[PDB]
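One chain comes next, on its own, written out as C-alpha cells in the form solved without the ligand.
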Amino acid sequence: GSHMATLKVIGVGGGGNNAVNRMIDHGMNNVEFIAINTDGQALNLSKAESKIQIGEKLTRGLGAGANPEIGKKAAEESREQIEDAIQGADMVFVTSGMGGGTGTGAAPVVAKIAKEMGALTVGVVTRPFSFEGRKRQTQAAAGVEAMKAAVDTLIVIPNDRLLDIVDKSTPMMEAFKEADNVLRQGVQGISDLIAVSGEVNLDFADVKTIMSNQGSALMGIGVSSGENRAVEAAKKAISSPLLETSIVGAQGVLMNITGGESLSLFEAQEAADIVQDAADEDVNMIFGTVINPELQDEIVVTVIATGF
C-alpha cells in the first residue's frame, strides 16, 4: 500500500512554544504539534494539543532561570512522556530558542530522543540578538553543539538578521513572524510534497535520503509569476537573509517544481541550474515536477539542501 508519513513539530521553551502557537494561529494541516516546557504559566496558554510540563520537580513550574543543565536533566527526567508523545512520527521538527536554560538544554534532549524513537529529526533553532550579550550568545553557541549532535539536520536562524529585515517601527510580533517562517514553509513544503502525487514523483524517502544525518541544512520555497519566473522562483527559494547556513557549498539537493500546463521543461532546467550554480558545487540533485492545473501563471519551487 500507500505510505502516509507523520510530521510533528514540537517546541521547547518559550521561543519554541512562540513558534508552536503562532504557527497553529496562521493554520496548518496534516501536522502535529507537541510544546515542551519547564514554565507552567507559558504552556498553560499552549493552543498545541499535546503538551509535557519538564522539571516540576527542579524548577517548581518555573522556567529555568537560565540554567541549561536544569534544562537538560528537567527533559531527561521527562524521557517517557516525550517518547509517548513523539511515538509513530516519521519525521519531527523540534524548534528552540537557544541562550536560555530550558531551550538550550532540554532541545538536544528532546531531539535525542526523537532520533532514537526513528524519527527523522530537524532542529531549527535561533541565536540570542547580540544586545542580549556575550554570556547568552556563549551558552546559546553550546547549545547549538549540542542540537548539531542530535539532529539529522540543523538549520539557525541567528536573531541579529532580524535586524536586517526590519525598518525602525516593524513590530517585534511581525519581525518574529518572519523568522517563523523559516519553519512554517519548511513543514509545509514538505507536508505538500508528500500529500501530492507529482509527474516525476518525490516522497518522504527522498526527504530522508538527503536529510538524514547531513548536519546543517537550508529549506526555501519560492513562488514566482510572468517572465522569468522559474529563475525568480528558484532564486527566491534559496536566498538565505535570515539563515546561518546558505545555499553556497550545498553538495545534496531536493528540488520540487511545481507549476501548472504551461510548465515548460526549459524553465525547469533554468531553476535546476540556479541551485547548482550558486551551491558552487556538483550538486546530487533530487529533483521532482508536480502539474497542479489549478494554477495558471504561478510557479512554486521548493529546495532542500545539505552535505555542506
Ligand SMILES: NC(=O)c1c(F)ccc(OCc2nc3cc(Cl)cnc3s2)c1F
Given for the second form:
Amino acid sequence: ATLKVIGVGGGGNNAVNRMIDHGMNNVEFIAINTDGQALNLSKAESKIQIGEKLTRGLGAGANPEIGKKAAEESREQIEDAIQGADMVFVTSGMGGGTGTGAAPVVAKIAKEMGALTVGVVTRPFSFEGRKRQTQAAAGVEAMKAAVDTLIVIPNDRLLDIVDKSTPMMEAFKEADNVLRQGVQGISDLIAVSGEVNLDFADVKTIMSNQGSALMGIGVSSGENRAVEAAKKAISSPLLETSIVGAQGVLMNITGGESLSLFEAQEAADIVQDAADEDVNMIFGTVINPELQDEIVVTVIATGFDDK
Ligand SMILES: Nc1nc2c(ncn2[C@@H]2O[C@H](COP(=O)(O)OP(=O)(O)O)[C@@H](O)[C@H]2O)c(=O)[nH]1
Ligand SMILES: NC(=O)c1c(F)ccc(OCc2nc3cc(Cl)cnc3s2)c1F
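Write the structure block of the form deposited with the ligand bound for the protein whose form solved without the ligand appears above.
What follows is the whole complex; the chain from before opens it.
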C-alpha cells in the first residue's frame, strides 16, 4: 500500500522537513504551499506551488479564502502528486491563510482519489489571539468534513510538556512525533505479517469515515511492562481527543519471544477499561526476537461518532 505525507502551508511544510531530517523510508513527502520561498527550501521530493497567479508566490497572509481558492485552481497538480497513494496523511497548522483554506481541499481531493485520508492538524496558541483561534476552528471543522480521521493537536498543549528552558524547535519536534509515530507504525503494520496479523484493510476499518481519532505508542520493559506500555499508548497530553469515548480500537502488541498471553490480555484490558464504553477491538501481535525485554503497545482509537 502507498503511503503519502502532505505538508500544507508553513507549519505542515515545517513538519515535513523535520520528519525528512529524522529519517523516513517507504513514504513519499509532498510539500504544498502558496509561499514559493518556503517551497524552494523544502526537503520534499514533491513540491506544489498553489495560487501562483493569486498570491504571486507569496503566502495567503492569514486569509483562509486565499488558501482555498489557491488549492482549487491547482486541483490537477495535486491529483498527479497524490496518484498511486492508498493512504494520505495531510499535515497543517490551522489559523493561517494557506493551511486553514488549502488543507481541507487537499484532503477532499485525496478522499475522492480513493485514499484513506488522515488529517493531523494544530490549533494555534491562545497567545495568537481569538480571531486566529476562530479561523482555526472553522478550518478544523472543514478538515473533519473532508478526512476519514482527524487528529487535532492544540498548540497550547505544548506548554504542558515543556520546562521554562525547552527550545521552541524541540517542543515542535514533540508535536511532529504524533504524526511521525503514526506514519512509521502504519507502514510497519503493512510491511510485516504479524503472528496475529493486521493489514491495510484493518487500518481502513478503524479509520474510514470516523471523524476524531487518538493515535499512540507506549514502550516499556521489566515487571508490569504490558500495563505500563498500554497506559503510555493511550495517554494523550498533546491531543484534543482522549481515549474516553472510544468505541473502536486497532491495537498491536510487539514483543520478543517472551511475549505472554497474560500480559497481552493485561494490555488489552487497560485499553477496554480506559475507554468507558465497550470497545470493538481489532487486535494484533508481532513477535520481534530482537526486542528482548521491551514491549511496544500501539493504539489507533476511533468511534467517537463525530464526523
Ligand atoms: N506545532 C507547530 N505549529 C506551527 C508551526 N508553524 C506554524 N504553526 C502554527 O500554525 C498556524 C498557521 O501558521 P502557518 O502554517 O505558518 O500559516 P500558513 O502557511 O498560512 O497556513 C500558526 O498560527 C501556528 O499556530 C510548527 O512548526 N509547529
Ligand atoms: N500485527 C501486525 O500485523 C503488525 C505488524 F506486523 C507490525 C506492526 C504493527 O503495528 C504497528 C503500529 N504502530 C503504531 C503507532 C501508532 Cl502512533 C498508531 N498505530 C500504530 S500500528 C502491526 F499491527
